[PDB]
Amino acid sequence: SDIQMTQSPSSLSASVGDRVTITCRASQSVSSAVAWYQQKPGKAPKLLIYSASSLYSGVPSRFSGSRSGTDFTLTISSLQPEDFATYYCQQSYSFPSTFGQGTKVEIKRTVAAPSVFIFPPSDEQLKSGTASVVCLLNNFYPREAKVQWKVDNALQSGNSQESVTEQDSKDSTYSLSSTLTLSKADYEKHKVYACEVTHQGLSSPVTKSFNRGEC
Amino acid sequence: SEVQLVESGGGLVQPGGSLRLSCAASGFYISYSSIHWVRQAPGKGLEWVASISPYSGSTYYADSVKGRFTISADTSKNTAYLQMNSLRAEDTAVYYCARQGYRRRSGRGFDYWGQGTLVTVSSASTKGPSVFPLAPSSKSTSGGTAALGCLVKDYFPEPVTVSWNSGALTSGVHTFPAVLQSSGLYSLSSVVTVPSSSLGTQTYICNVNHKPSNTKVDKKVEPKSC
RNA sequence: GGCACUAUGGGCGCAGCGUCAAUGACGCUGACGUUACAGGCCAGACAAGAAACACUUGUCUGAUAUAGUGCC
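Residue numbers (the entry's author numbering), protein chains in the order written: chain L, 1 to 215; chain H, 3 to 228.
Watch out, some of these pointers could steer you wrong.
[To be verified] Straight-line distance between alpha carbons at most 30 Å, and here's what the computed DSS-like set of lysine-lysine pairs gives: (1) 222/H - 208/L; (2) 146/L - 108/L; (3) 226/H - 184/L; (4) 40/L - 213/H; (5) 141/H - 108/L; (6) 43/L - 68/H; (7) 46/H - 170/L; (8) 218/H - 184/L; (9) 141/H - 184/L; (10) 46/H - 104/L; (11) 150/L - 226/H; (12) 40/L - 46/H; (13) 222/H - 170/L.
Just so you know, the hints here were simulated from the structure itself, not pulled from any lab data.
All chains, please: the whole structure from these sequences, using the hints.
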């Protein structure tokens, strides 16, 4: 019977100055044996709160911990550009230890539309028998954006894989990647390859494309 | 601040293999602290793995590893170890060692963390990446800004290091996460947007460096016209 | 298993008995004396010791914990 620590929300999109609250619940009582860590990408976690409400060192005052039964909450009183990491709760009341699955806390900015670019495969890559068609969405906000691969006005599926950056530091935008993979034979069997992007910043879904030998 | 933790000993292992991580306490004595291993599967959160407790040397394991991994300290060496046996692929993560701070100063909080050591479990073998250019089609230049990049395809494992024009031109550069393909290899691509006046005038060459296979590639990106 | 009764530290000597030594030292055993003084035993709660457990120490609460002898 492990103690589970159900963190929520999984995500959080706020803007600077905001009051932010992150909750976590223990499937059983853990007394006050609860820690809070902040983790920025690629780096190790930093302790913020120990014993469910005491603030570890180096932690500014805007951070603060709280317990009520089995309900543990971290609250940031006024969000600062530095306080934009993922956040985890931990129970240390029994073994085995448990963590939340985390809370990603993202910056909120004005709605920005994507500048859409499209790339055929290389001659080097076709020299070797596979075709990767790569489309780019650049410096937009928010995150959610659909990309639709039509080859000769026909929707594709499953032969393409997306990929998204973390939010920028300066303008706090996103960028997304999509790659249609084909055998060099299937690539040479068609002329029109198109990349269809629907995003909030766009009044009408923007499209980019190319012919096969187009030069 | 002289307190430090340093992990080592990771890398790629076949399934069923074994790997032994170290953790090098400098700035305090391991003898008097509880020492923990926490892993972080890539793209995931933190999962606790094990701890050995001070004085009694009593140890504790995660349900998922309880039987394959073994935690141990060598007080004479001020190093705690992790013996991973009979590895499975879902054991792939960055592995961190962490110190539990002093009972009367941080409770049971983990107050100092290592750097993390990456461990991949795969029966896939090493593969250097093939680097193809996404050429800037100045065929279209609206905001006087074309996008160019390098596709870094079909490598294993990761990481990869993509500079651009040897460290200069860091601005507007968007290197993307790798993605696992149905093959079982990774692929990622890095881009940079630039003025399309300087298209030709400036020349653009991405600097790929996949040390797991000892490949230092450089690829030039440029259109090919009629 | 229940009930009764009896015993339970530390020195300090006395004996016996050892081990290495080399006739040295320190153990071990006494319902063997003696004694300033007191403790000792078991368990739980709580605290502290670089301390989640284990260990050691302290306070508090209970009595227990052993053995022996009977009876049931």
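Status of each hint after checking the structure:
| no. | hint | in the structure |
| --- | --- | --- |
| 1 | 222/H - 208/L | holds, 24 Å |
| 2 | 146/L - 108/L | holds, 20 Å |
| 3 | 226/H - 184/L | holds, 20 Å |
| 4 | 40/L - 213/H | holds, 25 Å |
| 5 | 141/H - 108/L | violated, 35 Å |
| 6 | 43/L - 68/H | holds, 27 Å |
| 7 | 46/H - 170/L | holds, 25 Å |
| 8 | 218/H - 184/L | holds, 27 Å |
| 9 | 141/H - 184/L | holds, 24 Å |
| 10 | 46/H - 104/L | holds, 11 Å |
| 11 | 150/L - 226/H | holds, 25 Å |
| 12 | 40/L - 46/H | holds, 13 Å |
| 13 | 222/H - 170/L | holds, 28 Å |
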